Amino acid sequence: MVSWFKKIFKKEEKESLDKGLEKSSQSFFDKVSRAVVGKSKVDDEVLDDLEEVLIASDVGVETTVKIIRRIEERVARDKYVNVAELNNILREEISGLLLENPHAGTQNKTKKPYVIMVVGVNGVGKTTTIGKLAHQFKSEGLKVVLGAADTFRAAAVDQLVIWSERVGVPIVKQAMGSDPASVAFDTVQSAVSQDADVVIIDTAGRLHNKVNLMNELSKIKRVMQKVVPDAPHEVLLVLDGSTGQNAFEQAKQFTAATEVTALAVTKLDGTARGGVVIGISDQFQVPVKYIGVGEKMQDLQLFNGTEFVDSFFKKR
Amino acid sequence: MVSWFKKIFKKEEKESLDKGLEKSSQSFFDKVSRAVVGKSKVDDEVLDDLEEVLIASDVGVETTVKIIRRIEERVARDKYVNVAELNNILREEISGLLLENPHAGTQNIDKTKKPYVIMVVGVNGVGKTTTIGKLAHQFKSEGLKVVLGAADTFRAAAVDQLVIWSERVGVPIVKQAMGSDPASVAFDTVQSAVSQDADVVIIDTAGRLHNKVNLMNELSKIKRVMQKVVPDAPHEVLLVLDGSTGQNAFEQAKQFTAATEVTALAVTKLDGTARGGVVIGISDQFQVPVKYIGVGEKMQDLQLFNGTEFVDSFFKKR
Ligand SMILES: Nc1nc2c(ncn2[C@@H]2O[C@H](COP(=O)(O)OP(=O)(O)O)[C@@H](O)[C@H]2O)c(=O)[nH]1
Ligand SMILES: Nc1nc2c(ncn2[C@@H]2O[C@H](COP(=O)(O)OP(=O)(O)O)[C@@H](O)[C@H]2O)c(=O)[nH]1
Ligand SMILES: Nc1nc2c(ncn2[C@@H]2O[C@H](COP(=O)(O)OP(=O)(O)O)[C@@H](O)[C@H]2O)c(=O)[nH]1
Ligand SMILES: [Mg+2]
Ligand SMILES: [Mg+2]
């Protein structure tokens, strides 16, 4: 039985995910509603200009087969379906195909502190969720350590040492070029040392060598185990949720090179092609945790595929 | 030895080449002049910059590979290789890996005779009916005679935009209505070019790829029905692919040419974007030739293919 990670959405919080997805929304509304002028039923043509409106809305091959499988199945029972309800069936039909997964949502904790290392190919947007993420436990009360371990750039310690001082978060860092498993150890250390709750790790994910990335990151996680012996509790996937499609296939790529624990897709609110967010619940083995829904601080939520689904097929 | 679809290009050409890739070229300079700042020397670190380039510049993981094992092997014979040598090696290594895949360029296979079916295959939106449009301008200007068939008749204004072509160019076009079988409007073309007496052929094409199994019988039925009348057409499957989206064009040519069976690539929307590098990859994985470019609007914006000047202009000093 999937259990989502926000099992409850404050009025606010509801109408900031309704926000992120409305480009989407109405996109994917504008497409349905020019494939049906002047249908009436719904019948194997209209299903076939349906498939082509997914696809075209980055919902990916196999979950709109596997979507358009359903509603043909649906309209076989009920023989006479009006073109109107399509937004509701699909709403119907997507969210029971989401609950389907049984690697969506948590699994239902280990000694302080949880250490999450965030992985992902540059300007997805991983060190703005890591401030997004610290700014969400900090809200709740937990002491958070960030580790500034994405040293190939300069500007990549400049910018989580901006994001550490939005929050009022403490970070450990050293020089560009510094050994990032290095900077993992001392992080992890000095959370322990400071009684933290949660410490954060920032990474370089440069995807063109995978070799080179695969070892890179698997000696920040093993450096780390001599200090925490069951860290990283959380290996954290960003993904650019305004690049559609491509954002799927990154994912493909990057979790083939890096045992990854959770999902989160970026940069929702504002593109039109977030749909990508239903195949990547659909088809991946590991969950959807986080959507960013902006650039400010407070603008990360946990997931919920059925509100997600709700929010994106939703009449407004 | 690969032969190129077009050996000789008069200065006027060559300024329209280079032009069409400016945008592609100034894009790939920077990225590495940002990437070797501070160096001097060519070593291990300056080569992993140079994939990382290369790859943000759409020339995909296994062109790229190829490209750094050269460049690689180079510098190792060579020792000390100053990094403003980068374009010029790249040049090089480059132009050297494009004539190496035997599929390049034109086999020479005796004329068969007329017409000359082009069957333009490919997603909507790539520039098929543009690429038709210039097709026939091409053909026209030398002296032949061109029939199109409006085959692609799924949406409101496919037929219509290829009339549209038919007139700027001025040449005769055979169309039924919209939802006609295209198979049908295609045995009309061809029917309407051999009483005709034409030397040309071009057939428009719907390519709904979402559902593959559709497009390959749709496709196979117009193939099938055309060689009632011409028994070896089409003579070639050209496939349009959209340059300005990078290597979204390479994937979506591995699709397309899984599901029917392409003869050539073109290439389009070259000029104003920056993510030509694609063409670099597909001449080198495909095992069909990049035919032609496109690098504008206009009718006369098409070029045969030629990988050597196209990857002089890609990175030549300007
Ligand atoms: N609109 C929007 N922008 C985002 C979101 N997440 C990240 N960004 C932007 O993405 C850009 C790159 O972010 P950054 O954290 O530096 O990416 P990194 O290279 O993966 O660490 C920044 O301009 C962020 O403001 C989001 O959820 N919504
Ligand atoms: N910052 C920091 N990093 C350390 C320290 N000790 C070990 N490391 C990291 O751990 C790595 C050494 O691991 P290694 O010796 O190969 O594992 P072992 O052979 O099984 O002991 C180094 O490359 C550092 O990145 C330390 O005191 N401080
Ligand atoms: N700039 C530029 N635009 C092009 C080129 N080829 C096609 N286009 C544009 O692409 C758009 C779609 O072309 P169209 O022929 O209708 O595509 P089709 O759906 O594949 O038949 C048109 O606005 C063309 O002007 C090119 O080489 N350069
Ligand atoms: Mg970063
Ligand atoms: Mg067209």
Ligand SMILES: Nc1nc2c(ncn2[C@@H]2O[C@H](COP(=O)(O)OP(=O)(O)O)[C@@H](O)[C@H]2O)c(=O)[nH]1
Second form
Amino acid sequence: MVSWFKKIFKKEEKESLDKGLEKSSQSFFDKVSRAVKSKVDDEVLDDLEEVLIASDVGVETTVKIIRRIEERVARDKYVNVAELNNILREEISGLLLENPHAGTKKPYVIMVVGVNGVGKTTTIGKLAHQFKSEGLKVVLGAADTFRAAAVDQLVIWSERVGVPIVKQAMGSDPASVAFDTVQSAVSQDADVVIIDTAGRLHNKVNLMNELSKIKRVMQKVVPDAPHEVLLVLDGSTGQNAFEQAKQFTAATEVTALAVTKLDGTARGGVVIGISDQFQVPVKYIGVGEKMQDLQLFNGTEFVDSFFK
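Swap state to the form solved without the ligand from the form deposited with the ligand bound:
Just the single chain follows, nothing else.
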């Protein structure tokens, strides 16, 4: 049922994913390596569950993985601990395919949402770079109008990637920037609009109202907009990103998730729990510094690289 966002990987892309999950992969193996001795018995399975919890895979997800693994091991007379790598890869890949919400007119308008410090502006810059590389005309909108760092960074991305940016002085109405952005995009025959927005969990009411107003105003120009609402999450915080995402997706309509900062963390297993539990697909993962290291998501390849 699940059809991943990226079905064919170049050799360089698979290597980037391998290296991006290497810290999490080594950390998980270091834990399961210490957890043992020769045969997979229930003491090993209890210990492996603790390892999965300790690797930020998540409680609800870990329980389902262990449940399926317990059934598989309870089939053959004996299972050597060497088989753990293969059993983990096969059962977790199958689980991720069980979530029906996983996987898959101009301008296409993307509203990027999330809190400060998660990697929103870098994600916008990389998306702009990728779309332009496909021949698409991109316009950026700096609708986080009260945070100078966000506007400054988006300006730098617009100059580095070579795409126009629509912005206004600090403190302007974000809905006015969003309107101007989509109006400018229509007049310039742009293919893609990417809107940066302010984000914060405290004062959630005001946040929800601002996001609804931004959408309402853009719909005056492009009735289908936003076509995508992309929530950016910091994977280096592990399950903290999961609960933070739970808050945003209930406060406003999100259509896709991006999980950043996986290469420098040992907590990348949170992607498995997010893909398993959320009713919104993981669409992008950040696995390195390159523009192409914001990868479209494939849970089967992710699980393969995690347990390499």
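Numbering follows the first chain given and starts at 1. We call the rigid core whatever largest set of C-alpha positions still superposes within 1.5 Å between the two forms.
When two forms of a protein are overlaid on their rigid core, residues whose CA moves 2 Å or more are considered shifted, and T306 is not one of them between these two forms. Positional change of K296 between these two forms reaches 2 Å or more at the C-alpha, relative to the superposed core.
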